[PDB]
Amino acid sequence: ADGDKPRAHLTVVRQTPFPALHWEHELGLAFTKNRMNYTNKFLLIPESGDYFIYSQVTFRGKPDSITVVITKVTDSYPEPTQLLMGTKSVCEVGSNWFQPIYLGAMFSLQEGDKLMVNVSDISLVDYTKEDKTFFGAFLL
Amino acid sequence: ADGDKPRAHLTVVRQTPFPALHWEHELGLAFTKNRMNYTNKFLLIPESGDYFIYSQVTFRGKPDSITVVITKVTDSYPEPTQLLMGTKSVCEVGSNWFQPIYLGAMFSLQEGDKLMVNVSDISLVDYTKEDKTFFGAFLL
Amino acid sequence: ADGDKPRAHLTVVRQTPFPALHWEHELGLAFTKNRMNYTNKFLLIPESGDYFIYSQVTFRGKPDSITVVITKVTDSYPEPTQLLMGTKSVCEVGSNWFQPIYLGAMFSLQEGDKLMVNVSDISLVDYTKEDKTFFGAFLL
Ligand SMILES: [Cl-]
Numbered sequence: 023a024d025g026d027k028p029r030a031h032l033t034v035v036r037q038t039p047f048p049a050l051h052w053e054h055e056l057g058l059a060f061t062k063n064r065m066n067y068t069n070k071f072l073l074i075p076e077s078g079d080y081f082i083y084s085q086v087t088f089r090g106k107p108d109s110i111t112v113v114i115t116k117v118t119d120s121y122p123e124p125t126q127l128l129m130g131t132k133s134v135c136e137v138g139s140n141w142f143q144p145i146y147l148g149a150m151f152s153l154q155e156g157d158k159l160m161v162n163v164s165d166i167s168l169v170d171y172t173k174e175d176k177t178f179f180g181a182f183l184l
Numbered sequence: 023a024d025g026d027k028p029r030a031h032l033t034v035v036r037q038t039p047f048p049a050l051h052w053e054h055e056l057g058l059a060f061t062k063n064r065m066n067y068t069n070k071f072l073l074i075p076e077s078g079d080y081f082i083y084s085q086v087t088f089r090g106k107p108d109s110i111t112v113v114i115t116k117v118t119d120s121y122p123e124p125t126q127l128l129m130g131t132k133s134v135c136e137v138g139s140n141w142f143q144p145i146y147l148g149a150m151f152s153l154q155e156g157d158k159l160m161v162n163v164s165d166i167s168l169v170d171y172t173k174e175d176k177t178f179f180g181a182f183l184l
Numbered sequence: 023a024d025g026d027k028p029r030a031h032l033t034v035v036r037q038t039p047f048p049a050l051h052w053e054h055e056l057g058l059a060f061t062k063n064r065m066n067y068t069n070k071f072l073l074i075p076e077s078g079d080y081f082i083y084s085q086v087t088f089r090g106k107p108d109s110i111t112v113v114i115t116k117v118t119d120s121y122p123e124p125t126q127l128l129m130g131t132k133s134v135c136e137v138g139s140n141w142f143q144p145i146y147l148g149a150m151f152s153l154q155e156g157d158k159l160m161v162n163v164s165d166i167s168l169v170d171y172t173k174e175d176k177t178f179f180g181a182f183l184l
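Protein chains in written order, with PDB author numbering: chain A, 23 to 39, 47 to 90, 106 to 184; chain A', 23 to 39, 47 to 90, 106 to 184; chain A'', 23 to 39, 47 to 90, 106 to 184. A prime marks a further copy of an entry chain.
Okay, chain A solo, but in the shape it has when bound:
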């Protein structure tokens, strides 16, 4: 049993005032471990390597589309860099609707890189349960 590898699973909460979400990180099912830092809406990478990244956001209801982006930031570039984008057009039947949107992929990251999630529209996101909207990464 080795690792000790950095790992984090974060879950949704009521957002206060493309916007980034902020996160639960220790309560319920969320957690961070092995030097992973969740701070200031970011995941802070402690070790350069290849990570698998994910998030699902569930959206629920007059807009055109919903969109998620998981986004990397480094002080090397400080142009921020877009790793994953889920974008879906919306079908105006209700209109009490909801759609999950889910991403995950692998990326090579520098120690010190920053990760956040951004949505088209913070007021659409379902913040109510921890298993509907979340965001996670681990070192491979």
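Some hints could be false.
With a cut-off of at most 35 Å between alpha-carbon atoms, the simulated DSBU-like pairs for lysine-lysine come out as follows [claimed, not checked]:
(1) A:70 - A'':106
(2) A:132 - A:62
(3) A'':70 - A:132
(4) A':173 - A':62
(5) A'':106 - A':106
(6) A:27 - A':62
In short, the hints are calculated from the structure, not lab data.
Starting from the known structure of chain A, arrange chains A' and A'' with the ligand on it as the hints suggest.
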């Protein structure tokens, strides 16, 4: 080459009589290995650690929504615990429709924990091909 | 820090003339490493083992459905084998629409196996940004 880590990929089959699905586990592409147990519709975790979990269910067609939950059960709690929920409202164009719904995330699990998948409606699930509905986990 | 494990993240580009997509593999965020080969629209597995596989394709707009398949080919079988299928029916509101479709699961593969992605309709795929359509795998 180490691991020997527990790993399982399960695939869909015709369900007999929120309901849990049951699974193929050795035929075709499914499998379990390294002490993973598939029994009684559960995945039985043999080693406490962090696992990545997934399932896609494809649904196909007068209902409101479809929903998947991947769900953990322990004899510690025996309140069952909801790890992942995909829920989507349905668009009544056809109505011969179908939608895949896909989840996966990482979780810290006790050896002895139980995992199952639950759907809003067993009669909606496409059981026909193994690559449309499935469910899987591995130790990280 | 061990591995040295085979790993690849590939991203979308303008397709030239079920069709397989072809891929970016070194520029931007794509890459292959540790003996992984991307050639002739395939991912060529260099080591038998269990791999986690994924792809999202985003589709954008008079058709019935969209579909992705990730597909394995070996010279053992040369019947090609379907590992993952995302299929979704389409809702003809616009009709400037778009839908992401995302798969990933674990599979046991022979060294020498070949992997490709196939879609229902190459002209529907959004090729414009690298974070909308992609395809990836790593050795577990
Ligand atoms: Cl959808």
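Verification of the hints:
no.: 1; hint: A:70 - A'':106; in the structure: 41 Å, violated
no.: 2; hint: A:132 - A:62; in the structure: 33 Å, holds
no.: 3; hint: A'':70 - A:132; in the structure: 27 Å, holds
no.: 4; hint: A':173 - A':62; in the structure: 22 Å, holds
no.: 5; hint: A'':106 - A':106; in the structure: 23 Å, holds
no.: 6; hint: A:27 - A':62; in the structure: 23 Å, holds
Comparing the model with each earlier hint shows a violation of hint 1 alone; every other hint is respected.
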